[PDB]
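Chemist: Chain residues, written in single-letter form:
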Amino acid sequence: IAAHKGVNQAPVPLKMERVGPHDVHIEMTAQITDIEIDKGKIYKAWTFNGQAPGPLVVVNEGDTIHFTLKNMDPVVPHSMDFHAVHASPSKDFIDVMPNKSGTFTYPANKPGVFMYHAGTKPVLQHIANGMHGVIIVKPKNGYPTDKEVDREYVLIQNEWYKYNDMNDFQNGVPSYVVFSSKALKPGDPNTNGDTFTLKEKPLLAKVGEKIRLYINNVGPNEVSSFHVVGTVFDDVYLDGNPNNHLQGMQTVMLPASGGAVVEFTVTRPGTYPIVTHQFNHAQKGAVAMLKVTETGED
Amino acid sequence: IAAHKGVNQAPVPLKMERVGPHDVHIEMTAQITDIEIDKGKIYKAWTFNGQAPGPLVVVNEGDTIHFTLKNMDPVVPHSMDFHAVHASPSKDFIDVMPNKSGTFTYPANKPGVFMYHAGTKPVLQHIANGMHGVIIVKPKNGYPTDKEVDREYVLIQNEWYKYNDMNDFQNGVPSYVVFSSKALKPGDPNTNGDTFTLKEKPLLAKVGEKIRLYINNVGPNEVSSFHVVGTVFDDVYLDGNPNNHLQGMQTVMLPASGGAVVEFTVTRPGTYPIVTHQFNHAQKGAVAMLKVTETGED
Amino acid sequence: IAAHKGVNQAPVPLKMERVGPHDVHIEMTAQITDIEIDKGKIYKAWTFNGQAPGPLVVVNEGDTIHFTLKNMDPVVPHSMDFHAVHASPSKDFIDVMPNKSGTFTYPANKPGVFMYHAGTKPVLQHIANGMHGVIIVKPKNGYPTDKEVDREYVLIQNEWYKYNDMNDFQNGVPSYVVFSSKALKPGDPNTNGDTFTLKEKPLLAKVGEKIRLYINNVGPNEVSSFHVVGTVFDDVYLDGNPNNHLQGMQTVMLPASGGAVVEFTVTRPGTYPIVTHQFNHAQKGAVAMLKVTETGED
Ligand SMILES: [Cu+2]
Ligand SMILES: [Cu+2]
Ligand SMILES: [Cu+2]
Ligand SMILES: [Cu+2]
Ligand SMILES: [Cu+2]
Ligand SMILES: [Cu+2]
Ligand SMILES: [Cu+2]
Ligand SMILES: [Cu+2]
Ligand SMILES: [Cu+2]
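So the protein lines, in turn, are chains A, A' and A''. A prime marks a further copy of an entry chain.
Numbered per the deposited numbering, the first sequence finishes at 315, counting up by one with no gaps.
Numbered per the deposited numbering, the second sequence finishes at 315, counting up by one with no gaps.
Numbered per the deposited numbering, the third sequence finishes at 315, counting up by one with no gaps.
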């Protein structure tokens with residue numbers, strides 16, 4: 018796109034603030050930002066807020082979201098679709114023009130780990146170019162294993178294709194499949210979908226801890242066979258709904274846009290790979306690392 | 018196939034009649050019928066009764082099916098496999114020769130949403146050319162959410178490939194992935210697997226209604242990440258068995274031949290897309306529409 | 018690999034012996050063995066013990082495994098990863114050098130049907146070349162349907178690609194997808210992943226029996242849509258954990274490395290195909306047969 022040549026808009030922080038016991042304001046941008054998806058490989062991504070996947074959003078079950086999208090893209094309109102919400106797509110997920118802002122309101126009445134993404138036609142084009150992310154809706158009454166969990170992180174899986182190539186998006190194998198982590202608390206890593214960061218800078222944990230991961234496979238195209246090497250998932254909640262409760266899974270099958278809450282215990286010090294067991298995708302980037310130390314540091 | 022050149026057998030209505038409290042007769046054809054799978058693109062499909070996917074069959078849990086296949090194909094034998102039934106495949110799912118009829122009897126003792134398809138070797142060839150469909154077996158004691166449902170439809174997902182090309186069937190990406198709807202009651206739409214009909218003529222519903230969809234992904238080759246934009250599935254019964262009960266799913270992962278009953282509420286007027294979240298497949302046709310109005314009409 | 022030219026190491030039997038009420042010794046080899054994966058097609062596979070998939074391992078819930086790998090490969094190091102166990106991957110799943118042995122100890126504290134595989138980088142290369150298998154961990158308190166089961170078998174699904182071709186492994190469609198069976202009791206078939214053996218020499222059962230299959234899809238890359246023609250799965254335990262209990266499924270979706278225990282009744286004499294319903298994979302080998310006779314013999 019001619020109007021994107023040379024464009025690299027610095028990331029803009031997510032803005033959220035609660036405005037009522039059950040109402041939250043959220044302000045995001047659509048912007049064009051260069052991301053290093055593999056060593057030496059820059060992708061001029063279409064993003065929310067300069068991250069791909071976009072920034073993490075967390076709300077409570079029953080919150081109504083008052084969402085504003087500010088479109089910084091000079092020529093391409095964009096929109097927002099939250100899987101968490103009940104809304105009219107043709108009224109509430111509509112396009113925002115270049116250099117304009119739009120505000121939309123809708124309720125998040127279901128707990129879980131939901132994909133969000135741009136909903137502008139062709140949707141495949143907007144997602145593949147990077148306009149995806151996760152919103153977590155915390156269950157009012159928690160998860161029955163809440164009191165067993167020592168530490169938690171968010172992981173997202175996505176693919177990257179040949180740059181803005183709709184033929185490749187529809188008919189080709191992914192060039193890269195990647196994990197990224199999004200921060201839940203101060204001190205947590207916050208990364209983009211790439212082949213290397215979570216290998217060189219693993220997530221940290223302590224020997225003996227039970228770890229919870231909030232995970233989603235945003236695609237656009239592949240399903241995911243999610244597995245942590247050296248453990249078994251004690252408990253799994255499909256899409257993060259506390260009722261969808263499985264136990265003792267080695268691997269969790271996730272649809273495109275599929276989410277889960279998974280919990281597992283790390284019993285020994287060492288480095289534990291995290292992968293999608295579809296190992297062609299793991300070979301093309303989709304391996305993260307969890308470093309388990311005696312203290313949780315290092 | 019030389020004997021199929023110029024052949025276009027007009028669709029023949031499904032014949033069903035109950036013959037006992039737990040016995041039902043079913044008569045279908047195998048026939049060669051031109052179907053417009055994309056605008057300007059005719060596929061000379063191998064079909065049951067001139068539809069692809071074939072006509073909807075509904076029986077009750079515990080019904081024994083007395084099934085007759087009349088093979089109108091001038092040269093290719095065909096057969097029928099109902100996933101709903103217990104049967105001997107080598108005795109009951111056997112080939113019917115051109116211009117011949119065969120009758121087979123077997124019980125449907127499990128509730129749910131089952132694929133049916135031709136079982137003639139090579140099975141891939143018969144399914145890919147269009148010989149697939151759904152049979153629903155209604156649970157004797159219903160679903161626990163039966164009294165919450167306001168309206169219901171059937172949706173089927175299938176792929177189309179290069180015409181009768183076994184290399185493409187085995188090794189290539191689908192040319193099209195499509196939704197079709199099959200009528201449950203008088204007035205319901207009844208369509209074929211194509212890229213456009215359910216976009217131009219959406220399914221209809223009323224603001225505030227809870228909708229049930231009986232769905233199956235007949236393939237032949239892909240899995241499906243089934244999602245309705247702007248809602249969350251309140252309740253999901255995997256393969257339509259009332260015991261396989263999930264709640265609050267954003268997206269339902271379906272194997273090839275996999276079925277489900279899904280229920281969701283539409284809270285606002287508008288047009289709600291229905292897709293497989295594997296968006297390369299959605300881009301190649303697999304998007305339907307649900308139009309929600311104040312009255313349910315229009 | 019030059020040092021593999023002409024190499025064909027005869028299969029070596031698995032060695033297992035119990036050494037305590039909750040401790041078991043296991044000794045396996047890594048070796049290079051020619052396997053006929055399709056008629057006239059030899060694959061010089063990287064294997065455990067000269068089989069691909071490797072030999073079946075069965076232990077009890079709560080057993081600690083004292084595992085020894087003897088690496089017979091003249092030049093390539095190999096390692097072992099059991100999905101059943103809790104372990105430190107960077108200490109316990111480490112490489113064993115050519116002509117060396119390594120011993121590792123870890124507990125199997127979860128019931129189910131688990132993949133095992135070599136964990137040497139690049140892992141895709143070792144799995145695709147044949148270093149995969151299944152370990153079953155029997156539940157301390159069994160399955161609630163144990164008393165209904167008349168007969169049981171193990172089936173594994175895997176793919177084969179162009180010989181040791183990392184480009185094909187990552188980016189290409191499988192050349193073959195295959196089933197194999199591993200013996201649970203004296204007299205059971207024990208076969209390798211190929212396109213023909215379980216067609217020409219089907220598994221045997223008796224009319225009216227309820228059959229249990231322990232199944233795993235080891236990949237490396239594809240998911241599986243597991244289906245037995247002519248029946249419906251009465252009961253399914255995902256990953257073989259008794260808590261993950263589904264009923265009345267036509268087809269069971271399995272991730273790469275995904276496992277299940279499935280149970281179904283065969284009501285009539287005949288030959289029942291077993292397939293992955295992703296029929297491009299079935300067409301390329303992934304069809305087995307179950308022959309049901311009045312006596313269970315023949
Ligand atoms: Cu507001
Ligand atoms: Cu966009
Ligand atoms: Cu979506
Ligand atoms: Cu009759
Ligand atoms: Cu046919
Ligand atoms: Cu079938
Ligand atoms: Cu020992
Ligand atoms: Cu190896
Ligand atoms: Cu593994």
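Keep in mind the hints are simulated off the structure, nothing from the lab.
One or more hints might be untrue.
Copies of the same chain are indistinguishable here, so a pair counts whether it falls within one copy or spans any two.
Listed below are the simulated SDA-like cross-link pairs for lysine to any residue, each with C-alpha atoms no more than 25 Å apart in a straight line [unchecked claim]:
#1 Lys56 with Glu165
#2 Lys227 with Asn77
#3 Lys227 with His103
#4 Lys223 with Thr122
#5 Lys61 with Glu217
#6 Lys164 with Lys308
Chemist: Compare the structure with the hints numbered earlier in the document and write down the numbers of the violated ones, lowest to highest.
Modeler: 1
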